[PDB]
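The primary structure of each chain is shown beneath.
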Amino acid sequence: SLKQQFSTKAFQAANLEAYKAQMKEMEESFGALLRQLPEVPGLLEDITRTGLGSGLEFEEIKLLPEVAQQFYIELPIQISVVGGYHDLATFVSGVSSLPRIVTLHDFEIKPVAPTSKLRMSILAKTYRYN
Amino acid sequence: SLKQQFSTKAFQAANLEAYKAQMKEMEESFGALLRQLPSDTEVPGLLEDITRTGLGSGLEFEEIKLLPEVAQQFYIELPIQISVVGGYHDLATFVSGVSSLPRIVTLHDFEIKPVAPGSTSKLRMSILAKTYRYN
Numbered sequence: 456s457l458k459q460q461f462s463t464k465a466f467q468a469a470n471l472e473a474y475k476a477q478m479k480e481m482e483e484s485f486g487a488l489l490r491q492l493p494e495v496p497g498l499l500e501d502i503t504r505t506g507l508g509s510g511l512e513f514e515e516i517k518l519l520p521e522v523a524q525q526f527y528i529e530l531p532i533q534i535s536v537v538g539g540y541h542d543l544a545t546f547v548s549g550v551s552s553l554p555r556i557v558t559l560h561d562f563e564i565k566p567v568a569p570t571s572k573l574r575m576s577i578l579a580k581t582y583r584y585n
Numbered sequence: 023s024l025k026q027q028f029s030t031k032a033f034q035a036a037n038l039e040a041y042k043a044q045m046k047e048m049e050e051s052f053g054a055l056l057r058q059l060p061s062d063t064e065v066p067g068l069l070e071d072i073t074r075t076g077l078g079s080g081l082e083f084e085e086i087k088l089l090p091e092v093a094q095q096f097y098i099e100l101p102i103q104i105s106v107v108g109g110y111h112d113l114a115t116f117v118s119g120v121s122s123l124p125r126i127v128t129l130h131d132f133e134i135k136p137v138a139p140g141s142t143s144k145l146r147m148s149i150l151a152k153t154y155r156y157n
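Quick note, the sequences are listed as chains A and B, same order.
Position 5 of the first sequence, counting from 1, maps to 460 under the working numbering, and the rest follow consecutively.
Position 23 of the second sequence, counting from 1, maps to 45 under the working numbering, and the rest follow consecutively.
One thing to keep in mind: the hints can contain errors.
[To be verified] Among chain A residues calculated to face chain B with C-beta under 8 angstroms, some are:
| # | residue |
| --- | --- |
| 1 | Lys464 |
| 2 | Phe485 |
| 3 | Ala487 |
| 4 | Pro493 |
| 5 | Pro496 |
| 6 | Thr503 |
| 7 | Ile564 |
By construction, these hints were calculated from the structure, which means they are not laboratory data.
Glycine included, C-beta positions come from ideal geometry on N, C-alpha and C.
Assemble the whole structure, with the sequences as input and the hints as a guide.
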């Protein structure tokens, strides 16, 4: 994750306590924007609509346990779909550009039969203020 | 991007003026972090790690395409399009290894295609990565 990339590079910072404070302010601001905003049912709706519009079949949508940070909470959603190569791609971009706070993460893929179909499982995350 | 997502959603903010001010503080903080780093020097090192991660996953590289920089107020994004070829497991481990690198790099849209008819052991993936530097 971004936060992990910054922590990892912390040794490189000219001023370590200032870098730690900039990381914290970044998260706090993120937390404050989420609080400002009115999503999960609507996100689920948007994701399924995106995938159906792309010609995919859904299999499961797993809501995983929330993971709290100090200022925001992640809600991971594991999405399994199946369809053709291009359709998987239009699903991926449709979802990453939704009018939602949603990020995409690791995926795994496997053929339906050892072209056309591929099965994709992808991790998405949405967020709320802590 | 994340910023496009908050922008898109701005009409929904209880107080627009305050929401914009927080978008701007998140951005400013992101830029202050990049400036504490030697991030205006990280591209060649990034490319080196990406390449090694790809090779480590049993992939071959076809192309690395550096796209035009896009400036925001406090940071500049540098989009890098990567084309690789290999097996289905190897592609996912590659994506996973890049995202676990000690670099400020985000991964975005990707598209996969088989190289040849009847083949599933060689797939071509194009993926967009981005890195960032202080503006």
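Structure-based check of all given hints:
1. With 8 angstroms as the threshold, the beta carbon of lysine 464 (chain A) comes within range of chain B, its nearest partner Cβ sitting at about 6 angstroms, so the hint holds.
2. Hint on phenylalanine 485 (chain A) holds. Least Cβ distance to chain B is approximately 6 angstroms, under the 8 angstroms limit.
3. For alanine 487 (chain A), the shortest C-beta to C-beta distance to chain B is roughly 5 angstroms, which falls under 8 angstroms, so the interface hint holds.
4. Residue-level restraint check for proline 493 (chain A) holds (minimum Cβ-Cβ distance to chain B is 6 angstroms; threshold 8 angstroms).
5. Taking 8 angstroms as the C-beta cut-off, the interface hint given for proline 496 (chain A) is violated, the closest approach to chain B being about 15 angstroms.
6. A distance limit of 8 angstroms between C-beta atoms decides the matter here; for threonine 503 (chain A) the minimum to chain B is near 19 angstroms, and the interface restraint is violated.
7. Checking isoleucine 564 (chain A) against chain B: minimum C-beta separation of about 5 angstroms stays under 8 angstroms; hint holds.
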